[PDB]
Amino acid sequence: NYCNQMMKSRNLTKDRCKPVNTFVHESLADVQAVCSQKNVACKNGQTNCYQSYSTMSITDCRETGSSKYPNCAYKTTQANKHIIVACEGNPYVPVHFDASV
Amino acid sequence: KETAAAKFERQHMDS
């Protein structure tokens, strides 16, 4: 499936099985743009987080319960949700994916 | 090495 292949390709499960990961299907500029949208607090209680005004196409990759390295296994869940990212630097760009509502 | 913004891209971007 897409998750098993994309997680491998992106060097995410080549040396371990990453529990969860989200892939956004929007242009890189459109996601970078979220850093100047709705400001919200991050889970940890920080405030360099931003929620997108709109929902975006995303694919959630969840490791099955029986998954174990080297045989990593993922449950693929496609969806449209508002993304929340943590921004930092100059230019001000996303460095962390906080969540999808 | 790979910056935090570059890592975000390799890990979450699939335009």
Given for the second form:
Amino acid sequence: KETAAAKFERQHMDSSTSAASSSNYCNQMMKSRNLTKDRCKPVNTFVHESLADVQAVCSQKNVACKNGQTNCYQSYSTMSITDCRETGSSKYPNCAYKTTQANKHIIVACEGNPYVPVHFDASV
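Same protein, different condition: the form solved in complex with the partner chain was shown, now please give the form solved without the partner chain.
Excluded here are partners and other molecules; the one chain stands alone.
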């Protein structure tokens, strides 16, 4: 029932803050977005731009996806993001993450009709 498009919004959209509100950000957000459910998701990126701006990336710079598919797109403008990376001492169910804020171009995979983001591939 959760569409792929909806899952992308759950995993990767946080339009509510301009930047990572705190060294705590990742611990709180991975948990509440259900990314520490069955395992600690090792790496995950949140984007702090509007939904419209992030959906519009599917019409921007077409680039190869890390997996070799052709349906990835790089943003022309930089975007405000937060990178969440599991710590060395992190142990499920107490998943712990380092939080890093940045401004970078994002790369997303897009699929469907309508053609919308479904995976976060990379930042550059």
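Residue numbers count along the first chain shown, from 1. Just so we're on the same page, rigid core means the largest C-alpha set that superposes within 1.5 Å between forms.
When the rigid core is fitted, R16 shows a C-alpha shift of 2.0 Å between these two forms. For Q51, the Cα deviation between these two forms after core superposition amounts to 0.3 Å. Superposing the rigid core and comparing between these two forms gives a CA shift of 1.2 Å at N71.
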